[PDB]
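One chain is shown next in structure tokens, namely the form solved without ligand SAM.
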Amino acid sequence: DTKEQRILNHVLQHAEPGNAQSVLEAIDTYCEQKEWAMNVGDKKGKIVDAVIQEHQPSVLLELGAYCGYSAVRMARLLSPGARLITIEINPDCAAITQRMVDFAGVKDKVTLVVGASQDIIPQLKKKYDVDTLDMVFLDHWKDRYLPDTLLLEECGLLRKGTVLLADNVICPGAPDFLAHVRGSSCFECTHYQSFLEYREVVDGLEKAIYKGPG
């Protein structure tokens, strides 16, 4: 069933008929529990970990670094002398990440590069001693997923068996990326369901009161 059906199905089984507060409470509970099920279940981090241990990459490319969570997560799993190359376009996110990576005890494995992926990626062979990449983690700006994927290919950085692992492909979403790698026979795809984590996004309501043409 769809997630809407499941929410309704939960309400029918568990809320008091005719009591709106009981319905709301029921739904808030259903969601509060799934979210606790996802956070305690450690889904997102368990997935990344699993992919890395499954494929044992030695040259690993990360597009995007917020607070350095993903860098630490991935670098701690690499064998000695493996390299994580991290590209982040925001100097302030880059600075926190380096601090995070230093503090986490994995700086020996990380090469952090500040700048735009589209400019750095073509420099990887020439300037960073990369032959081909064993794995790519995409967690940067969603409009860059497909362009950078194509660019990696054009630049000769992908080989057969190179693993692309793309985060946040539903929310905020990277549908043009998904359409391309899924429909293309050059890529073999698996989707892993998850939910967002606090570090990734924030939301809010706007209240806008109309004042008249006046």
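Shifts are known only where both forms have a C-alpha. For the two forms, the rigid core is made up of the largest set of C-alpha atoms that agree within 1.5 Å on superposition. Numbering follows the first chain given and starts at 1. First, how it differs from the form deposited with ligand SAM bound.
- After superposition on the rigid core, displacement of the C-alpha of residue 180 between the two forms stays below 2 Å.
- Comparing the forms between the two forms on their rigid core, the Cα displacement of residue 27 reaches 2 Å or more.
- In the core-superposed comparison between the two forms, the C-alpha atom of residue 38 has shifted by at least 2 angstroms.
- After superposition on the rigid core, residues whose Cα atoms move by 2 Å or more in runs of at least three fall at 1-43, 198-213 between the two forms.
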Contents of the next structure:
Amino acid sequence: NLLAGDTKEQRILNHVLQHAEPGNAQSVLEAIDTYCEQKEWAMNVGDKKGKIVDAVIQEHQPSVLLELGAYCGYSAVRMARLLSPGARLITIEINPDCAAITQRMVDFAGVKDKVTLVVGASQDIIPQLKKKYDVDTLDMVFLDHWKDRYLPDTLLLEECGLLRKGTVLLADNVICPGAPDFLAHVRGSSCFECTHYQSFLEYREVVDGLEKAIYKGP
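Follow the form solved without ligand SAM with the form deposited with ligand SAM bound, if you could.
Coming up is the bare chain, nothing alongside it.
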């Protein structure tokens, strides 16, 4: 059943419930992309940057993924749809209302079984990932939360022993608005090997970009 439609997020979800095929992840993604292109802008990674996220996953084939910043569940659906049987996505969202919409988005898209949604701040949840969430290390991290948190969380992930030789970090919005402290760290450190992907801001013609940084080991 539908939500009131009071917030943009409830309206994006209602649109999906009314205008997309249940259990069809592609259909769900197209509906969110269409709604935000035509009706109301929203901070989903979008279809053009979404294709870059697709290719990174398809190249490195992660089994254990971490996403920081869920929102309405667009990238969770996008990433989870490409995962092998037994692969897990952990997605961390601070806002309980978004987390509610994300769970519903994920259920509807048929990727429920792939996703562990955790309500809370990344800095409180990250130190718990091993003991509470049964994580050894991560194959891949998607960073798409507050941009001033990209660097402290990257270091925290390192300090907590969650990064290994070959962990792929992928960061949205390194051009728009930017995360220059994170970008200097990964590019400047011999612990990371970086690739830059120029693209466009979601639903706009503004230039944006993603950075891929593969961890070398400490």
